Structures are given as structure tokens and as C-alpha cells.
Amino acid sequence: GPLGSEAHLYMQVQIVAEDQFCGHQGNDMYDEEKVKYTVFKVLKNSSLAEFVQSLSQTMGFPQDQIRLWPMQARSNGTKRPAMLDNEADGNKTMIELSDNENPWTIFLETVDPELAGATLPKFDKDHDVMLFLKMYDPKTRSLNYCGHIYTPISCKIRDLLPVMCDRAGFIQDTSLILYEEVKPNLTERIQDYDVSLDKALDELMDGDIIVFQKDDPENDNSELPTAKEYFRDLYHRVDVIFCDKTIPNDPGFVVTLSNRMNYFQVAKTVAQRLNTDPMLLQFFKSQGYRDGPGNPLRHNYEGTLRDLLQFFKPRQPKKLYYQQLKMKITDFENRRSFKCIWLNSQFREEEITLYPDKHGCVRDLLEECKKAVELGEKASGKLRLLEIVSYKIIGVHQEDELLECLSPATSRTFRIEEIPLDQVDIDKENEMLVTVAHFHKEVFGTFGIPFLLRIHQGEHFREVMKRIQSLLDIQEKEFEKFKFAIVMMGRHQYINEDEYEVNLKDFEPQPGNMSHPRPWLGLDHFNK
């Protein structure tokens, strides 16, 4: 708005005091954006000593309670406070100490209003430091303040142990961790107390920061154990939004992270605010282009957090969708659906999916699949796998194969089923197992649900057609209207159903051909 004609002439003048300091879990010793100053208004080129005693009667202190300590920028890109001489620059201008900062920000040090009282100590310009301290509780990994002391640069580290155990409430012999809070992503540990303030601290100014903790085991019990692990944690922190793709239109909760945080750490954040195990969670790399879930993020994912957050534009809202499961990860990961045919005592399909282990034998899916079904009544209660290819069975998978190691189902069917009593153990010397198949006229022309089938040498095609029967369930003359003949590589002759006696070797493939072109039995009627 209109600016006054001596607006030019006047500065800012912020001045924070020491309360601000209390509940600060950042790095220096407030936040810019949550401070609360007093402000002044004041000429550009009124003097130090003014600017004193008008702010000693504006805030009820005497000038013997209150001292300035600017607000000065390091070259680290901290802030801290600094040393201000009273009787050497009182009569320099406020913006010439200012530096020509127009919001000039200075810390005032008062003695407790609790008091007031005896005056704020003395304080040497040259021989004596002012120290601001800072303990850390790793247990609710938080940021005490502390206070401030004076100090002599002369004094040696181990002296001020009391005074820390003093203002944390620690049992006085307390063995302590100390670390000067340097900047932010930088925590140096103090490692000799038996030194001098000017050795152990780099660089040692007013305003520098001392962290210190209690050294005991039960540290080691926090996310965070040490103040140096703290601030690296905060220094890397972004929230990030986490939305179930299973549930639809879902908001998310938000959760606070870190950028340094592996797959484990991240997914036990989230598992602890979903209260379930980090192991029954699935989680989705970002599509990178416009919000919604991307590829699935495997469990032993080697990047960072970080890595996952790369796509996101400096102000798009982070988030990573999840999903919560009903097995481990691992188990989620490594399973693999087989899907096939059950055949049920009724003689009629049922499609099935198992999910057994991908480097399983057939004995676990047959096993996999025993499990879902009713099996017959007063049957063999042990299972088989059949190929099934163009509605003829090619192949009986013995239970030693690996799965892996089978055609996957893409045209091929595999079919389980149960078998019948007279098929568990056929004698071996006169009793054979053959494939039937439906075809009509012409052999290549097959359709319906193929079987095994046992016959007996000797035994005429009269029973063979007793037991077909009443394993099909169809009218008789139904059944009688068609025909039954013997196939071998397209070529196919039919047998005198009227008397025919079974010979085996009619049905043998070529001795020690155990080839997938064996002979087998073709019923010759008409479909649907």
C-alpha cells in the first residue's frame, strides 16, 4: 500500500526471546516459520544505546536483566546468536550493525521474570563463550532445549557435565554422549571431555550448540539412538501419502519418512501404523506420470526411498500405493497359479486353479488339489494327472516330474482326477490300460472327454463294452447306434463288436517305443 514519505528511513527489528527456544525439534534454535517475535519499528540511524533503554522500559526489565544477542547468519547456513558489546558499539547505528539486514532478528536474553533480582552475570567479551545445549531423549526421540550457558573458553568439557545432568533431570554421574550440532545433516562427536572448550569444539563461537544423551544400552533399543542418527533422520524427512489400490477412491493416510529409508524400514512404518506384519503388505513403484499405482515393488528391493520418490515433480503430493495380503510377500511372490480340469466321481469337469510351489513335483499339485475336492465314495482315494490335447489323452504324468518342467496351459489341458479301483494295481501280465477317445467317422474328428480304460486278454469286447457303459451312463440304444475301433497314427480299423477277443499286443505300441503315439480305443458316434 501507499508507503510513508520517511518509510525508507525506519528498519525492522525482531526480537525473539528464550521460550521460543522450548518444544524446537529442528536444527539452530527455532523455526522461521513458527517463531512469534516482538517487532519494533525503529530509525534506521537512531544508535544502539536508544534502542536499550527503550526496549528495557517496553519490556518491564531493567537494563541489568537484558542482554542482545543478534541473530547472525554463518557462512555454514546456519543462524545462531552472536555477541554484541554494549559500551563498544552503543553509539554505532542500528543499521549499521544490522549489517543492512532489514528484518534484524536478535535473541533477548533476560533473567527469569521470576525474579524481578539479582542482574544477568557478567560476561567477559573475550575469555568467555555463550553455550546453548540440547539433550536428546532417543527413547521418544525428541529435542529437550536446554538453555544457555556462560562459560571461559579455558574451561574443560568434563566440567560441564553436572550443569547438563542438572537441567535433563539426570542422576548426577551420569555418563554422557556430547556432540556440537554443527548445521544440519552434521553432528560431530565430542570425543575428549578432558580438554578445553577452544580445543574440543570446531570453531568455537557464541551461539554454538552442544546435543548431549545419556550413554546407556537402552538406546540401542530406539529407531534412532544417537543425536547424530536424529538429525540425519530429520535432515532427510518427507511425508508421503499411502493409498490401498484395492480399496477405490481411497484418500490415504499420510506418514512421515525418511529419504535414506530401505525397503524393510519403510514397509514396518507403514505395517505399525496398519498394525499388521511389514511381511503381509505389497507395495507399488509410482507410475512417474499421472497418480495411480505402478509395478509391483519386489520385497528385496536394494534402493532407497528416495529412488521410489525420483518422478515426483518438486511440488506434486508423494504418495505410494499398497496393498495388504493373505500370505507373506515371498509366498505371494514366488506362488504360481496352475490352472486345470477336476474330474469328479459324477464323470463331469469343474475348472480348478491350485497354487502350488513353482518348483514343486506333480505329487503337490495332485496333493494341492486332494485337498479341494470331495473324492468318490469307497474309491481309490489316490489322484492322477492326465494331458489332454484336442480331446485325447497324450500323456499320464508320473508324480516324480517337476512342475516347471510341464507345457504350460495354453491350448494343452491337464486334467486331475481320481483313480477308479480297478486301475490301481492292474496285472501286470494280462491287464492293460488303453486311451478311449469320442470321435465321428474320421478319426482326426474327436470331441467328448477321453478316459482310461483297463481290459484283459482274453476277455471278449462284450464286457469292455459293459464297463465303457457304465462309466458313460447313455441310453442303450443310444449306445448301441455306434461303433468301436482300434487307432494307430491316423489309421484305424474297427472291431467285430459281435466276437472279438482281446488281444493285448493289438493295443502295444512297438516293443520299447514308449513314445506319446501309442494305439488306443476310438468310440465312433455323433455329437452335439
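Take the two forms, superpose them, and find the largest set of C-alpha atoms that agree within 1.5 Å; that set is the rigid core. Positions refer to the first chain, counted from 1. What changes on going to the form deposited in another entry:
In a rigid-core overlay of the protein, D28 has its C-alpha displaced by at least 2 Å between these two forms. Core-superposed comparison between these two forms: the C-alpha position of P225 differs by no less than 2 Å.
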Second form
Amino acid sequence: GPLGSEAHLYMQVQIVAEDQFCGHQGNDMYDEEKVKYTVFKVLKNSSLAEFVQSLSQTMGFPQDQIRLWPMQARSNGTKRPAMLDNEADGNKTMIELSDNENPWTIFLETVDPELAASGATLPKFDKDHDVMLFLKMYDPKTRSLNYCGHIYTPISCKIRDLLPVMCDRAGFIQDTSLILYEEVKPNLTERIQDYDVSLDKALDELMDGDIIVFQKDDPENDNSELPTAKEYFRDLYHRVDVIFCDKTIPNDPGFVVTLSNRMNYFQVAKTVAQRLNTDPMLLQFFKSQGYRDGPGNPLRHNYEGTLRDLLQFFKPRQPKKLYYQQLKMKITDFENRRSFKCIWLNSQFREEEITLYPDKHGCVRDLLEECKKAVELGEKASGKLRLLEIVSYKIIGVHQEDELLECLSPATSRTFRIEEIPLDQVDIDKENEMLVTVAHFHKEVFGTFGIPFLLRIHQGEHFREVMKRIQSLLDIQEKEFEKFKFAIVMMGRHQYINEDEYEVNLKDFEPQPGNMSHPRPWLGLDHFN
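Complement to the form deposited in one PDB entry: the form deposited in another entry:
Nothing else is written out below except the one chain.
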């Protein structure tokens, strides 16, 4: 709103008291958004000595019984209390001491009120030989930080001489072995390896407002998921909330899961599966799309990246969200299944469309048995299935059960038909019988149509026996059947068979001896549809 005429002469001073440090679970002393201050509107050019006296009066302590430690930013990104020399700077202005920072935050150290009632006085601080250190206790069992206050200590004090104070402030029995760290910055908790050296040597760049975090040295620490403070702070640094949604449930708001940015695929899958009460291998996940919300490409189960890689495209505004779905087979089998579309020719000689799901590494036999488990075979029939390949309404191949599915043509030209073998064809007499392919056409043999079939024929047979086999299979009226002409077709050359002279010689339907590749002769039926 309207700034007053002199507003440019005033700055905000935020005073934080030590009770604001208690309960903080993060790095540094407090969370900048949860911290409660005492706020002062102070002239920029008023003196530090003025402020110290006025504040002592306001907060209710004798001026000797308090000390100011400005909260100061460090190059590594942390914010820590720093020493302020009141006697030597008492005449400097507030804005020059604040380094033009506005608002300016200051930690106000006071004596404990009740303990001060005992006549206790704020000890004196030798700026040249003393350091103010802050203490935190890490409890692995509850996985929590417990604020343990601060201490004045000579730079020359040995780390080992500080262990009694840590034990006493944490409530540990004296001579409890301890592990000690410096909390340098988020994701850097450096263990202190030698307690028999001075603070100056144990800590690199020893300053006021440094932080030692300690914990019991206890076998039971290993029972916790975060046994050390180092791991606690690493986990804290890498924590991230992610919303998971089932992509097969429309407008699903999903549920939140707390994860770590450095989990691999398996850890993420483990966590989400435990909270869905399903097997981890029964889930499929999806990368993000980036710009537009909604699931993206499926995530291969052997993904080698981290959760951070999967989330890297969410801007600070967008809610982190991933998409999954639940499966009925293990993810490795789901990724490996091939959708094989084929025709099932039923016992009534009618086509049905069926999609089977064999493993992409399977053979023809796996496909045939997948289909057999799905259909209703003939009344009293062979109970054996065969797989044909049809192109332009002609049977061009019969595939043996050992061929790999990868060998079959994926071209959409090919129609693959599964059919029950008729009983006269399960085991033909190989010296006088033969299976020939039959296909319908009209005029030139180029124009094929209809349902082709395999037909058993016998040497020496009369051709009207062949026509009656054909007629019984085909199943139409005699008026249509009589019109049918018949031919033997080979390599674009066809000659017509005399229906009433009956010559059936296997040699006329055989390829050149030794040749199994050449498209074999076949029996062409001549009519119209």
C-alpha cells in the first residue's frame, strides 16, 4: 500500500530465539517457512548499541544476559549464526552491519529464565579463542533429530572433552560411546574420525555456528533403515513425493508415495507394489511425456536409470506424477509376448478371428496349443491342429511344429490359419496317397477367391470320387456344383481335367523330383461367387 514518507529509512530486523531450533528435522537451525520471529522496525542508521539496549529492554533481560548472533549466509549455501562483536561494533549502523540485507535475521542467545533465576549469568565469549558450536543428537530408532543446544568452547579443546556434554544433553549415560559428525551442508555430513585432537583440527574451516551431530555407537543402530546421521541427511536431501496413477482408470487422482530421487527401477517398483499389496513384477510403469500430462512410453523392466531421471522434466510448478498399470503376468513375460493374429477354421468350415499370445521366442507348437486350449474341436475328429499360410486365397505353406515363431512372416499380406486335421489326413498311405492344395478361382487362375483347403487324393482313384470328396467338403447345392470346372495348375500353366474319364495319377500333382521349394501344382476349382 502507501509507503510512509520515511519508509526508506527503516529496515526489518527479525529476531529468532533458540526455542525455534527445537524439533527442527532438517539442515541448519530452522525452516525459513516455519520459523516464528520477533519483528523490529528499526532505523537503518541507528546504532547496534542502541538496538542491543532497546532489545534487552523489550524482551525482558539485562543487557549483559543476552548476545546477538546475526544469521549469515555461507558460500556453500547454508545459513548459520555468526559472531557479532558488540563492544567493537556497537557504534556501526544497523544497515552496514547487515551488509544491506533487509530483512535482517539475528539469533538472540539468552540465559534460560528459570536457570537465570539461580543467579546464572551469560558466560563471556573470547572472540579470538572461543567458538559457539551447535549440537544435534540423531536417534536412528525413531530416525529423528533432537536439538541439544549450543556450547561455548575454546578452539583448543579436544573433541573428547565435549563428549560428556553431548551425553548429558542427550540424556545418555556417561561414557556411552558416540559417533560424531559435522553437518557441513545439505548432503554433506562429514564423520569426525579422531576425538583426541583439538576442535581447530577436527573441523575444517571451524567457525561459530558450526554443527556437530552425534549419536550412540550401538549395535541396534543397524536395525534401523537409517542407521547413521550421514544416511539420515542423505535420505532427507534425496526425498521426493510422487503421485502414482493407474492409466487404465480414467481421471484417477492416484496416491502419493514418498520415494528417493536415486532409487532404481526395482526399488520404486518394490515400494509401489507394497503399497498396492501386489507382486512388484505384476506392474508396468510409464515414462513421462514432458509437456503434456498423461502416460508416455512404457518403462522397460531392466531400466538402468534412477527415479531422478524419470522426474527430470517436471518444472517446479507441475506436480510430480507417474503412471502405472497392473498386469496378469510377470513384467518380463508381458514385455516378451507376441500378439499373433490368425484365423481359426472351425469344424463347420467357418472362419473366426482369434488373437493368441505366445512368447516371441516360442515355436509353432506353442501357438497351436494356445489355440487348442481356446476352441471347440470337431465331434469325433483327430484332435490335432495344423498351421497354414495363405496368400491371395491360396494355401502356400504348411508349417511344422518345430519352426520358431520369429521365422514366420510378419507381413500383413500373409494370413495364418489354424485348423483341425481331418481324420483321413492324419496318416495317409505315402505310397498311393497325397495331400494337394485346392483353391477357387474364375477365368484366369490369377483371380483366386474363397477358402482354400488341403485335400487327400489316391492313386488310381476315379476323379468323381475326388469330386465327391470336394463336394462333401464344400457344402452347397448340386445346381452350383455341376457348373464347376476343374484344372491342374502349375507355374501359371493349367490344363483342365476330364470330369468323366477319372484319371488320378499322383505324378501330375508332384513337383520336379528333388524340388521342395517350387510352388507345387494344385487343384483349381472353377466357378463364381
